[PDB]
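**Q** Residue-level listing of the chains:
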Amino acid sequence: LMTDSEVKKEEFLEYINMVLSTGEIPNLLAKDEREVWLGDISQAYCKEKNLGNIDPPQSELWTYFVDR
Amino acid sequence: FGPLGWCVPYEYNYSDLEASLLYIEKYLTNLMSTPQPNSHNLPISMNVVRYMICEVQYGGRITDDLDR
Amino acid sequence: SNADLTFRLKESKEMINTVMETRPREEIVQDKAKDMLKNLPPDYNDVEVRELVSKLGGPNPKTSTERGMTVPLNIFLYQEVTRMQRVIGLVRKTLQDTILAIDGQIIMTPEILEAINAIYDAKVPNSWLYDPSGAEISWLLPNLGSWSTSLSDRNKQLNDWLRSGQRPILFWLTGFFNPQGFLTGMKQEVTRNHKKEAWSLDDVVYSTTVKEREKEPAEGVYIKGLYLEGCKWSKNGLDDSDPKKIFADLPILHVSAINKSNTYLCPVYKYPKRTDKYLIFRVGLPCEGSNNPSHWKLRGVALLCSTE
Amino acid sequence: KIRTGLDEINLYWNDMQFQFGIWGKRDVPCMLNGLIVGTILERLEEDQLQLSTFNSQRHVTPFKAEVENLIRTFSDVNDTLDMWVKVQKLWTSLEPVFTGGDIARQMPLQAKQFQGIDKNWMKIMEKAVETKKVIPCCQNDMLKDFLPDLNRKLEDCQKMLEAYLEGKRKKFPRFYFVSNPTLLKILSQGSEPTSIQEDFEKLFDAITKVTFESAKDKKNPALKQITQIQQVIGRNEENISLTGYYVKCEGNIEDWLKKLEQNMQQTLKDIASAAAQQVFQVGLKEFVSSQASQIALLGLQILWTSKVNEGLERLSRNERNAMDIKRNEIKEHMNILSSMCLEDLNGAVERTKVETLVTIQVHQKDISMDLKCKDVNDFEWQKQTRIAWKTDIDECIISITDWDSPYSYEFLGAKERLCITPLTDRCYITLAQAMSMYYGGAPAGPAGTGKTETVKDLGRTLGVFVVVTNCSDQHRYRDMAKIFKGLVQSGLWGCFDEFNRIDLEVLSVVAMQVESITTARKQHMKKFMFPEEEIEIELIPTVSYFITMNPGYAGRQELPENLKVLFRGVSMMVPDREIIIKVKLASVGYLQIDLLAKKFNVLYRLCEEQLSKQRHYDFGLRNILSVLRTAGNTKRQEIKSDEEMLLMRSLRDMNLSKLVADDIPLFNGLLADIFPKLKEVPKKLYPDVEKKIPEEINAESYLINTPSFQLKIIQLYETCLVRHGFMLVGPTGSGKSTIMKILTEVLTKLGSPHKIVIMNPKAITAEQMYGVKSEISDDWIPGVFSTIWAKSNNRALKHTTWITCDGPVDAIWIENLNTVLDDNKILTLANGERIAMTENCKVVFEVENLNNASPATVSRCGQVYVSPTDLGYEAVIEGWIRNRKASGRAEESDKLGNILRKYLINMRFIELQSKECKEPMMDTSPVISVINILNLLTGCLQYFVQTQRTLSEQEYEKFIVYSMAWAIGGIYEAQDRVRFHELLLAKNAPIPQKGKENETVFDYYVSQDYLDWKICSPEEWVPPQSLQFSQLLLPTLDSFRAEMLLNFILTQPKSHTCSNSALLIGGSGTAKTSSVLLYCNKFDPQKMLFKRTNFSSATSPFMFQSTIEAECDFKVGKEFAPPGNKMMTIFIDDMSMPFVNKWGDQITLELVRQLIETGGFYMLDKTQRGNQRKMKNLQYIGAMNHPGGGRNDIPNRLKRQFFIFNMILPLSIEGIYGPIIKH
Amino acid sequence: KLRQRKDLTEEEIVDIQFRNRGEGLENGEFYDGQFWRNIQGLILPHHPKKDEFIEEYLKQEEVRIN
Ligand SMILES: Nc1ncnc2c1ncn2[C@@H]1O[C@H](COP(=O)(O)OP(=O)(O)OP(=O)(O)O)[C@@H](O)[C@H]1O
Ligand SMILES: Nc1ncnc2c1ncn2[C@@H]1O[C@H](COP(=O)(O)OP(=O)(O)O)[C@@H](O)[C@H]1O
Ligand SMILES: Nc1ncnc2c1ncn2[C@@H]1O[C@H](COP(=O)(O)OP(=O)(O)O)[C@@H](O)[C@H]1O
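Just so you know, the sequences run in chain order A, B, C, D and E.
Going by PDB author numbering, 2944 is the number at position 22 of the first sequence; the sequence numbering is gapless.
Going by PDB author numbering, 4149 is the number at position 4 of the second sequence; the sequence numbering is gapless.
Residue numbers for the third sequence, in PDB author numbering: 4282 to 4305, 4316 to 4487, 4494 to 4513, 4520 to 4563, 4573 to 4620.
Going by PDB author numbering, 2543 is the number at position 1116 of the fourth sequence; the sequence numbering is gapless.
Going by PDB author numbering, 1167 is the number at position 57 of the fifth sequence; the sequence numbering is gapless.
These are calculated hints, taken from the structure and not from any lab test.
All the given hints hold, so there is nothing to weed out.
Computed footprint of chain E on chain D, listed as stretches where at least three residues anywhere in the stretch have a Cβ under 8 angstroms from a Cβ of chain E:
1. 2098-2109
2. 2133-2146
Keeping only pairs whose Cα atoms sit at most 30 angstroms apart, straight-line, the calculated BS3-like set for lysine-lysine is:
3. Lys4171/B to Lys1734/D
4. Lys2953/A to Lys2200/D
5. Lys1799/D to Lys4171/B
6. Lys1160/E to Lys2110/D
7. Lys1595/D to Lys1636/D
8. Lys4171/B to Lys1810/D
9. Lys1513/D to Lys2200/D
10. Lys2110/D to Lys1159/E
Reference excerpt, derived from the structure (chain C facing chain D, CB under 7 angstroms, subset only):
11. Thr4400
12. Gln4471
13. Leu4498
For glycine and all other residues, C-beta sits at the position ideal for the given N, C-alpha and C.
Turn these sequences into a full structure, and let the hints steer you where they fit.
**A** Quick look at the structure:
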């Protein structure tokens, strides 16, 4: 719920702009944290994508995360 | 008047004045320091003072040629 | 005395305006500009112009056959046409893209908005006078009253100096972007055509005789359009109360090899702003009578070129 | 061969030299450094060059297991060593600090912290001693953690020690003109001779070497004492000065420095006191040959004034010829000096001395000819710089109109003082008056009229030492206070060049400081109080202030009215130009002086006015003096030919380089009008280089020699030979970088090596370029460009470094290099650090063209202009042809081209505006199109290169038609495309004619399997998911043709002129990310990855730096990145949107351009500066939005690299959404 | 003498004969000291009417051989 009160300079608009476009903040989530948070999610992946309930991969978890 | 009188504006003030006064008082004091008697109050050759008040004291501000 | 006059006017002109402040666009103006842009002349394509300048040229038809590069005035013709076209293209393009934002479509520019505001007011936009460093072209006050008028006159004379290709009499010095090149080209012409070698370039010096006559080739040029300030041509006298800026008669030039204080020396300023820049050349004006030259020097005479 | 190349290098590199230099054994442990490490570093560099050279070649199967490990170790050991040695320097500064008892007591805490670091450091040293070999020593892992934390703590220790540094600076003046850490190094001598022998330059004016004689005192170790002083210029040429009074080293550094200064002053005084008798006793030649330069000039002046005086009184007694006899004596002296000492002489210093005398004597006799003054009191005699060496009170005294002051006795040796025009007399009188009233002159005018040099010369003649600095916007008042304190304490003169370009409030407080000192000096008070500085401080009278401000540019403020009071103005608008020339020609020793002077003046004037107006032209005094200092040698050569010939040759051949194509005829037609006697002369041609150039031009594969290259490269050689630095102005794709590279090669071939560094100034912030004071922790950071400077200008090297800036020329960053590019050739910082230039180094700019340059930077450096027609696109095509006859040389070069030559030369210019084509959305120069079509055609034929199959002529003609259909057709709309198509029908090789049912040539493609023109889009529906994303995208025609074009370029393996980079153009909402993402899904993430990014207006270079660093996550240059070994792609939606600066040059894309062109960039992690990360593998793709009008455009220099083509709307949208409705 | 073999000019002979730079500049060409230029700074591969100079030197050389 950003409004005119929630802008004090341009820069906020830049960060939100890229949030609309990509959603990956450079090294906000990758400060040695992306892997612990992603590891807290693969249990859902075991049924969600359902790779025959066998296995998964590593980068594809980030792909599913940006998707979510 | 404007450009008829001076090509651009110049900021003459008193600093140049008492500079010139300090010069010419030195000149007269050290002229008459050797004068044991004044024919009619002085024996000055006032052409150097012309050159000084022309080109040195007031010459600082002047950026044009014609103004010289 | 007449100096007084101008001062008071500008003084009065601001004073009321001060108190005048204390009291409690995108319309047919762009259509007026739209009608304007179909009145300035067309471009001159260089593929045609290089041809035309190469086809015909000489100082004197008897002296030489037609030729291009070699004669200074032809290369000057090419340089002047080049800069003129450089300005013409810019004006046509920006008028277009100023009107092609509303009637046309494009994401609005700040420069174009400034251009709109300038078009409504008297002052032309900065886009046609200056650049980040400096690109002074023809800075005059009005939008079209004199600015485009001056540019039109320049292009008219330049075209007739080209399309016919014949050298006319009574050159207009104000039109040329670089007057000094005109004069030095005249020098080179005299050295080559005459006394060639008997006369060296560094030996030649300069002088002028004022054609004291109303009603009227040899070496030198005929200049039209200079303006004096504060006396007559010859038998110089005190100016009357009105008519501060007076015409200048035909000051035909003269050049001579060197050596082969009653005289007074005047400057020649392009614009009436009067700086070190715009000093094209200096002219000796012997017409003294009883008043010694220093009288005139303090009186600040000059032979300016434009009148604004 | 290659196995030998690895074997013997391994045999040597395992068995390396291990010789190290120990500081001393003065405790249990020993601390050491490698004084051979230059050999280590350099031989390492070409080692890794050799190893990469091998690995890149095809036939290097086995070495990968071995070589990588080897390179890895080498790479790794380097940075460890570097960190270590840097820490050593820190420790090597701080040891003598904590040896003293009082300072260690007064701050116990960090003294014990230093006890702790001493323990840890000794442990590291003993581990290294145990190892005996530096490579296992570096291999230790524990070390690496300690080293940077130790570094940070030692920075903290220095931040403790500033409080003592201020007092130590107080105890001796000159240290105010020295920065902090170099002051620490100066104070940690640890030796009499060695430590300070490399620092005499930046602590006195002109001294560089001093002998050290050990006097063996009884039971004390022999003390080294100074006995003579030396000024070295060049290599062997020098000036020596004995001393009778000696100077002895001691225990306190301030003491022997002070004694050095004093005893210098005293012996200079006494030698002069003698020399003033010898001048009139011995006679002219003997004392001029015997004495040094400074004393000789003093002697000449004093002789002339005394004799002229004597003549004037003798006139006063009665009408006498004796005044005329004295004038005649001077005239006689002229011939004897001029005849012999000028033409023949040994050595540079001795040479400079003579003409320094000659110029003075010329002016001397010129004055004495017209000197119609009746007596001493006359003004005409009381207008020049007279001198009197008073005997009754033994002292010099120099005199002006009224002012007087004593000579300040500073040894300068031979300096190239300058001519005396009347304008210099106006300055001399003005400055003498202002100093008599206790002010500071502040001359003003346009650029290059002799302001700074006039100030410096009035300093030199009065015997004082001047200290030029260079203010800039990154200054702070503390450093100005430091300077002014040094000035008042010492007795020296300051000349704050470019004083105006400085912050406003800093000027506000400087007003106070200078007013305080003015009032202090006015009273004649020995001791005074300085603002902001609590301790009381003394004064010496003979000080002065000068600012050479520059009225009116971009980035120039005004002086608030508090500060205009102090300084008196001196208007220097138009320098004289004739008298200086004529007296310089006299100084060299010419005979046709007066005519030639007029020739110079008139020629340069006419050239200035009536020639075409271009921004980069310059004809000021810098150019003229360059010509003069050139012209000395030519007369010094044996030829007695007529001078005017030599001079025409010199002028013409100097000024040719800058001129654009058109102005050359006008220039030499103008030459003919002034020297009609002379017809022509050949250009003096240097045989070695001209024979050498074709050799390496043939050595390369893809290089065609043409005469224009000979001309331009030789001109570059000459301007290199004369001037400091230079610029290569010229449009894109014109061969500038190649010219520089080949020149460096030829110079290196005949010995005398040459190295080149590159930089991009507007892809880093100027604050980082020159470094600032940190805005958080109150502590300095190093600057990149200054780090390269310090690393480069060390003596005792063999390179000849050429620092290349490469970008635009914006005034703000460049203009604070005026001092380095001026005759001062000294760099000055806001740190307070001053670094002296050497002849080892040159500065070059590979800039396109100036549009934001004042003449103060145009006239400082020489220049060379490349033109578009010097290297036509055709020559580039022939170079590619030379490559095709390298390996695929069966017949292909001939066959391919037999269409290409006529099919390209006589066609390309009939598309620009023959037919209308009036919407080329991307305005370009057509060389880019040629590079494009060549890069496309190589990918077209790559398949049949792969299978080693050679085809007929007709198929090749079809291929060329296909290639160049796009890549000149990629920038047009359907209407222009059909007109294009009709052209190709009229006058070109066959296009599809089988059906052509209202379908353009673009619609079809040539098939590899057979000579056919077909096209289709394969059927494919969706997966079962129903999310709109799961209905991602469908197989369109537009997408398929886009993949078709893209894939060709993207398969090509990094050929020259191929960056492997692409770029689309299409309206906002014309299937950009659609087609790109369709491509991107088809990647194989097992050996091919991908990355996304977007652009907005306020995205800065630091942001792009961050995202690319996070993308790679490794420095793949130093044998790293297993996970980035797969190939990656960087995709950007819109390169236009970044904010164009006001000038017109946007500052974000430049980082990208240095990334594409060269790969890598400079780091900014507050730890090390001069070094760059390297990208050994990457890929690049972009997308535009129909530039023009409201939409921005990219820098034109960057357009040369990306494949560009349109992305039209589909016109088939009934057939895109059909399937989803079917399902 | 012979136009086929004896007339065959060596690069030294060619360079000296060009270095004579006698005439032929009816259009107007600049110094032959380094390079000829047609109009505006445009290098010319050769002196414009070189052939007449070749013929003149061949005539003189035939007289010398006589
Ligand atoms: N002797 C040569 N023969 C054939 N091709 C050449 C030769 N010299 C240069 N080239 C080609 O010219 C191009 C050189 O462009 P260069 O990189 O020099 O441009 P530049 O002048 O440095 O300007 P920018 O740095 O902006 O590109 C390359 O494509 C190169 O292959
Ligand atoms: N009277 C002179 N005699 C000799 N050289 C001069 C004279 N005037 C100017 N110069 C030359 O001009 C250059 C100095 O210009 P400078 O004063 O640095 O320009 P700026 O004042 O714009 O910094 C030097 O090469 C210097 O020798
Ligand atoms: N092949 C396709 N199949 C289905 N939808 C498509 C296809 N191509 C384009 N579109 C739709 O058209 C739109 C075009 O938007 P896009 O090209 O991303 O904007 P821009 O051109 O500014 O990048 C997309 O949002 C997409 O939904």
